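Student: Chain by chain, the residues run as shown.
Protein chains: 4
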Amino acid sequence: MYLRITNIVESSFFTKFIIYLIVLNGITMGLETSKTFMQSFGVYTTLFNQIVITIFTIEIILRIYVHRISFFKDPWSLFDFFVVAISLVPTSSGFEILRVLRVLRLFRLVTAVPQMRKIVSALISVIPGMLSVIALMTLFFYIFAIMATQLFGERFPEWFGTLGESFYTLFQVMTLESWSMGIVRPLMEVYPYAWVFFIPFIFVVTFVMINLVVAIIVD
Amino acid sequence: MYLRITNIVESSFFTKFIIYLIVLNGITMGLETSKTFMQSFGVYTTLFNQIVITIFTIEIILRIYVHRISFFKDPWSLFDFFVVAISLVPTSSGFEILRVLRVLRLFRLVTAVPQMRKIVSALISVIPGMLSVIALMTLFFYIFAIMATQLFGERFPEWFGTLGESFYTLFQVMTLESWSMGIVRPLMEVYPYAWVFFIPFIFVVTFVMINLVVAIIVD
Amino acid sequence: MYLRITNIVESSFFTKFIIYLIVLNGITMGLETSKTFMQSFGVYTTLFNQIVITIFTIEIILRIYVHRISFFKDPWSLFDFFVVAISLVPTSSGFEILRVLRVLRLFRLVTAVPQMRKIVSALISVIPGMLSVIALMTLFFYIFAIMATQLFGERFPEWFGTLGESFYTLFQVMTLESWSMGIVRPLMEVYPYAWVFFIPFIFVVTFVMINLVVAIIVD
Amino acid sequence: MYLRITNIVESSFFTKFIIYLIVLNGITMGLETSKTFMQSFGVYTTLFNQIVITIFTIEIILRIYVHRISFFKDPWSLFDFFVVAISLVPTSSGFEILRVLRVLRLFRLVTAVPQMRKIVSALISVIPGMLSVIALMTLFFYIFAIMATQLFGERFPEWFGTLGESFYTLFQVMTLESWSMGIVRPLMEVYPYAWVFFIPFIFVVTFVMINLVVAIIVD
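Residue numbers (full-length UniProt numbering), protein chains in the order written: chain A, 1 to 219; chain B, 1 to 219; chain C, 1 to 219; chain D, 1 to 219.
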């Protein structure tokens with residue numbers, strides 16, 4: 001059987017049956033949510049998904065016995081492995097967190113389907129040339145969050161009480177979502193200097209988001 | 001009579017006689033909005049609009065005995081058929097929405113002019129090449145929209161109660177407009193670990209929607 | 001005197017006296033606003049500016065009699081001309097609009113100062129390669145504003161009553177400022193389809209802002 | 001003793017002994033924020049902080065008898081002098097703000113590491129070349145901020161009453177966050193033609209802040 005499975009694994013129907021399931025799954029699971037769909041076609045997808053999973057886990061064991069060293073070396077494999085594994089924990093045990101990240105198993109329409117594969121390859125191939133910017137940008141974010149946590153937050157709880165909560169707030173000022181009406185003004189209404197806190201922040205941040213784009217255009 | 005009409009439908013005057021009309025009709029829609037205009041220059045316009053439809057019909061009819069099957073196979077033409085055909089449905093019947101869509105005969109300034117025609121080819125011939133990750137874009141929604149129906153739907157059913165009503169709130173978060181002060185912040189007061197569901201959704205998209213452009217820069 | 005003035009006009013002190021005034025003016029006029037500065041040093045800048053203007057207008061007549069044809073041909077000259085001219089209308093006549101656009105006369109720190117001159121030259125040299133995008137973008141904005149004015153606005157006054165007011169609102173949705181909390185949701189609370197109105201709008205708009213940037217990178 | 005200290009201040013251990021300290025001290029600031037931590041592990045830390053300052057002083061002192069005048073002329077060094085010098089001002093006296101700025105000794109993770117040092121050169125050597133329009137940027141504010149003090153200041157003195165308080169509201173509008181639903185919309189209800197003052201200010205900036213980047217792409 002060492003030969004047989006391999007000459008089923010590499011076949012065109014084997015590779016277009018897995019692609020056929022993802023789409024159907026994405027379709028049929030995209031109707032698990034409905035507060036009408038499960039009130040009629042209820043038990044249909046409860047045991048349909050149970051066959052989806054059985055087939056995946058069999059498929060994952062099938063490829064192992066074809067090239068095992070080569071499996072746990074492909075960035076698309078160990079993906080499918082664990083991303084199907086997160087599904088294998090039953091309905092209710094420990095936490096719904098596991099149950100939630102289940103339908104993540106559809107992120108194989110990038111794996112199995114060859115067209116997205118190369119572009120996804122071209123998508124991540126950017127950041128190795130973005131770290132310089134990225135590393136210093138957080139080490140600017142780790143200093144500029146603390147000074148928020150112990151100056152402001154003592155009389156501004158939700159917005160700068162904790163260190164996580166400052167990062168929360170400084171990313172929000174970074175997106176510039178509600179950046180000044182929801183943050184600096186009400187802050188300035190108490191400590192009327194927070195414009196020297198946040199204006200130069202905003203100056204140096206953007207400044208360095210401007211020179212990251214240009215870096216991926218030169219290179 | 002086939003030879004007789006080619007001398008008209010293709011003539012120099014013909015084009016300019018269209019360009020004269022859409023603009024004049026074009027001014028009488030913005031002028032039509034005025035209720036000081038509808039009670040003194042009402043009957044004037046409503047017979048202008050019965051003139052414009054009639055001339056168009058005549059004009060569309062003139063094109064069919066020339067290109068014939070070269071009409072029902074041109075994208076510039078098949079649209080022009082729609083703007084008359086829906087404008088032909090009478091001053092009542094069904095719903096008033098067809099009677100709204102009679103202001104698409106100003107997008108006949110893009111059909112009737114080649115300099116505007118120039119852009120519509122170049123811009124829309126970009127859509128196909130983007131699907132390489134749009135099919136993925138739609139997928140990540142579809143997957144996470146599911147999870148963002150049971151997770152937050154029941155507690156918050158204005159934003160997440162229905163898969164499609166989750167799709168909305170997800171699109172918005174994606175566009176970043178009021179993800180913090182709008183949706184997350186309150187979605188936390190009941191779900192402390194609600195940032196775990198979002199900031200990656202928020203991230204992954206930021207990475208992907210940017211990465212899409214990095215490939216458009218290249219290709 | 002045909003010779004003399006010219007051999008003062010082209011001199012280094014003549015050209016660094018005009019640059020010296022702009023900075024001082026920007027400084028001293030940047031203190032006209034203060035509700036303390038004019039309550040003490042009040043009459044100082046009221047008659048200081050009166051000498052600024054006299055000197056400019058003399059300087060503008062001085063260059064005319066050096067190369068007059070060549071003056072009304074330079075994009076930096078006719079600027080200074082009219083942009084000083086807007087200043088010449090007295091304090092109170094007609095409308096404060098004229099008085100307001102006065103301090104615009106400081107936009108000569110780009111004219112007289114040579115470093116900004118070339119970069120400003122390199123700043124406008126872009127748009128001749130941005131019209132294709134720009135022309136169709138407004139002719140998308142002139143159709144997608146009307147249909148807002150006569151569908152929505154009849155029961156949504158401030159946001160889509162008038163045609164100017166729709167452009168007002170569609171640019172706001174274009175910046176995506178408060179785009180969905182301040183507009184589509186409250187709209188959807190009445191006509192629950194406005195997500196088919198505004199979602200595809202947002203799709204096609206951004207789409208074409210993405211392919212304008214890439215156009216100035218290729219070229 | 002000059003030859004004796006060069007064997008230390010430049011040694012391999014020396015660097016790692018700094019890198020050991022900033023990180024450990026670095027963990028005890030975020031840990032310091034906890035009031036469950038200040039009432040049980042309080043005295044521990046307050047003597048850690050008296051240890052860290054002392055070792056640093058010693059460490060800064062070690063550098064001065066080597067580089068001597070090559071210290072007070074290095075940008076990496078002159079900053080490190082500031083973070084001790086302001087951290088040296090006692091546990092009281094003047095204002096508590098100097099006692100806040102003792103969390104800049106984590107920006108000593110950027111001085112003490114060359115891989116972080118790599119970025120700070122490249123990013124900040126960009127500032128000078130941008131002045132070509134920043135000197136213009138500041139100018140357009142300065143000019144229009146003036147006008148936006150008499151125009152809207154008196155009616156609305158929370159946002160425009162003071163030149164500097166206009167500078168703020170202008171910066172915000174520039175960053176586009178709540179220019180519509182925030183400032184213009186209400187500034188209209190009294191000043192119908194308030195969009196004439198803003199949408200160009202809004203425009204010109206959009207043109208200039210983008211144009212700045214178009215030159216950074218090139219240079």
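Treat the hints as calculated values from the structure; they're not laboratory data.
Some hints could be false.
Here are some, though not all, of the chain C residues that point toward chain D, as calculated from beta-carbon distances under 10 Å [unchecked claim]:
#1 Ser34
#2 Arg99
#3 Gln172
#4 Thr175
#5 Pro200
Think about it this way: if two alpha-carbon atoms lie no more than 20 Å apart in a straight line, the pair counts; the simulated DMTMM-like pairs of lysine to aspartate or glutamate are [unchecked claim]:
#6 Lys35/B <-> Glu96/B
#7 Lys35/B <-> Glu154/C
#8 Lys73/A <-> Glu32/A
#9 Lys35/D <-> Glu10/A
#10 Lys35/D <-> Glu158/A
Where is the CB? At the ideal position from N, CA and C, for every residue including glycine.
Student: Hint compliance check: list the failing hint numbers for this structure, sorted ascending.
Tutor: Per hint list: 5, 8, 9 violated.
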